[PDB]
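What follows is a single chain, given as structure tokens, in the form solved without this ligand.
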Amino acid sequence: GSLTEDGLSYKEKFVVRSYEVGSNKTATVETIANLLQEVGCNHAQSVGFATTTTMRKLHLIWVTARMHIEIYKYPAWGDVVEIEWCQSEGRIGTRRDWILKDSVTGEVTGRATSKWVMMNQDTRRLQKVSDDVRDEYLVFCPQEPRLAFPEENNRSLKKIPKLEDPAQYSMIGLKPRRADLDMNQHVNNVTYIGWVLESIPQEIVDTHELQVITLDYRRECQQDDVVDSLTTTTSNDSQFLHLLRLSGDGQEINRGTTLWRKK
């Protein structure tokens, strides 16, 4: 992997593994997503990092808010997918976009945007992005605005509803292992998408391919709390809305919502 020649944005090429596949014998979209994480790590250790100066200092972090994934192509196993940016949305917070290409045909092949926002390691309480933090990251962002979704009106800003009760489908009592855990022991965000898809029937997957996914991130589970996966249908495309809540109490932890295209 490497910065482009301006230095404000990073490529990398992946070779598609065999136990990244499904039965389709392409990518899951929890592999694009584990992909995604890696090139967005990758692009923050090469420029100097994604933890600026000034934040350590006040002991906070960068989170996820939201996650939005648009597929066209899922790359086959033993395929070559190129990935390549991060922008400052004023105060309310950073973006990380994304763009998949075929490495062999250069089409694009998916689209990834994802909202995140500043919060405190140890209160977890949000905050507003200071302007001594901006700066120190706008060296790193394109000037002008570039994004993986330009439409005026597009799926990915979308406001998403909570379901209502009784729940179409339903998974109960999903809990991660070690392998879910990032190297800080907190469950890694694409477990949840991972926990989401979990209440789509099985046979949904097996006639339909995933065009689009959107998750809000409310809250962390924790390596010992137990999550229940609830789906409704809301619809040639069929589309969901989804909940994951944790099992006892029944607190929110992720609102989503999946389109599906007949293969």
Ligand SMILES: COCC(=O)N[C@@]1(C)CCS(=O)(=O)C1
Second form
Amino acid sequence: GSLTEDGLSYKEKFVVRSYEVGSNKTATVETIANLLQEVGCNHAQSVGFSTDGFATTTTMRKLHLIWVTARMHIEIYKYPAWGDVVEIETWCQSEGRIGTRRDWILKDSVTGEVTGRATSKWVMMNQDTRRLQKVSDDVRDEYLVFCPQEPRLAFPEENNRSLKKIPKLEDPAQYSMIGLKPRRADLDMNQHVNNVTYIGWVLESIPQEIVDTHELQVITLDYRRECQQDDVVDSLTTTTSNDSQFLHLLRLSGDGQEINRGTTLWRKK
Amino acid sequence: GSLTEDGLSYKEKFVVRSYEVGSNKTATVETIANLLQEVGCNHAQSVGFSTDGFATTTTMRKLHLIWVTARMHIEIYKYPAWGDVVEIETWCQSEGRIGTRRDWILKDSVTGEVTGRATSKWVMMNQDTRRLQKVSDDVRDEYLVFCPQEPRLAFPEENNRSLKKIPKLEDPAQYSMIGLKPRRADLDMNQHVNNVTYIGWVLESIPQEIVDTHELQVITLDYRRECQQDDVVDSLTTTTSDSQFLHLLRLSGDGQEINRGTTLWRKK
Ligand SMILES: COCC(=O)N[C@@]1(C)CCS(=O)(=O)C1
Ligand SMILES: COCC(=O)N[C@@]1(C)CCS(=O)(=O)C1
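Moving on from the form solved without this ligand, please list the structure of the form deposited with this ligand bound.
So here's everything in the complex, that chain up top.
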């Protein structure tokens, strides 16, 4: 992969692997989310971020700060087939003192048509205390060197799905998958649960009949608290709806502490 | 990925991804196992096997036959770092009427040095009845077209680890991880549990202390019975020792064996 000509965005191509695809022989939304995170890591490395797994700036290391995900939003028009080449372009934007945004466009390598788009919100956290904070002047200056200074949105529309408020599912849930736990393959190189794991866990409470007869079009996931290596998760889903819509809650199996909430939109094949 | 000059083996290069590595920023044995499976599928495709995810020959489709894994054996000398290029060469061989073997050699793309090797045994199964059988004359003839006819072994050494008989672990186990369940990411395109998942389940019952202070050098896994999508698995481990362990996966309810294996670990 490479920075584009102007050095303000990054492009990489991926061949879809045998083990990356579901029943339709097309890439899972989990495979898509891993590729988004891979190209994001390759971009961060190319613009001089830390290579220690935390992807920090100089100022962030000095102040013991990290980025954590607040939200991930993916819309897929066409899942790439097994052996297909997908091209993903990604860039970052500063959002004042609130946080930062990473955006992605997915294209068919052969046709050059857009097959999906994604957006993520990141907030600043002290690594030691785990307390959220605002972005410092010095960090905002670091982001000016490698981000477009005019707005560039994967989701430009002024009232678009990627920014909708998500309500909290009320008991009883319509469907549930209980006693979900992470294994070592679910952890990143710093022994935190991979953000993509939480996508899989949400989808586990979707009935197999939906997955068999629908394609996932849109997923919006809010991240509230991280699952520790030794935590156990319950995944809850209620139908809110030819298109199927669902409300999602992940919560700790014991005390019912919220870790994530989300929505999915599915269209019949 | 390409067939080599003689058309009797296949080579592919892989860049190690961010999410593929563990805590020393080198590829997990699970990442290695997924890459072995991927170059295996790419080779099968290049020599005219089915593209429906069952990777069958013409006479296998006629007879409703599939290959199932009996054994996977992997030895790693160096795990490739995050963003390193690993080159993997793979080939197949007939073992008379017993079954077939797929072998792999892993190389550092930059040095050309061997960083690991693996071998796997495959047995014929009727897809409908799930009954094991011998290889037909007609299937053995199909394998003559794309396999070396002289022996080529990733593990040549007569009486090597890759062919050792594995005993059944006796209760009580020294270590256990219980209530393991597959999710959709654990299934292949035909909704069978990915063979690599079973490797991860085996390793779940190794203490975090071992994984933190040792590197995995060798893993030998026998496959006895498939975990179904709605099954639950217990992973059991006992120290037999370098650290060496004996492994058992069994169904959480009735204790039906699904896999047994051994691991050998070297202090870092
Ligand atoms: C300036 O780049 C930082 C970055 O992208 N780092 C990530 C950890 C967040 C977005 S990610 O998940 O793609 C990888
Ligand atoms: C002609 O080769 C068939 C083949 O390789 N097929 C696999 C399914 C078994 C070995 S695998 O796991 O590498 C892929």
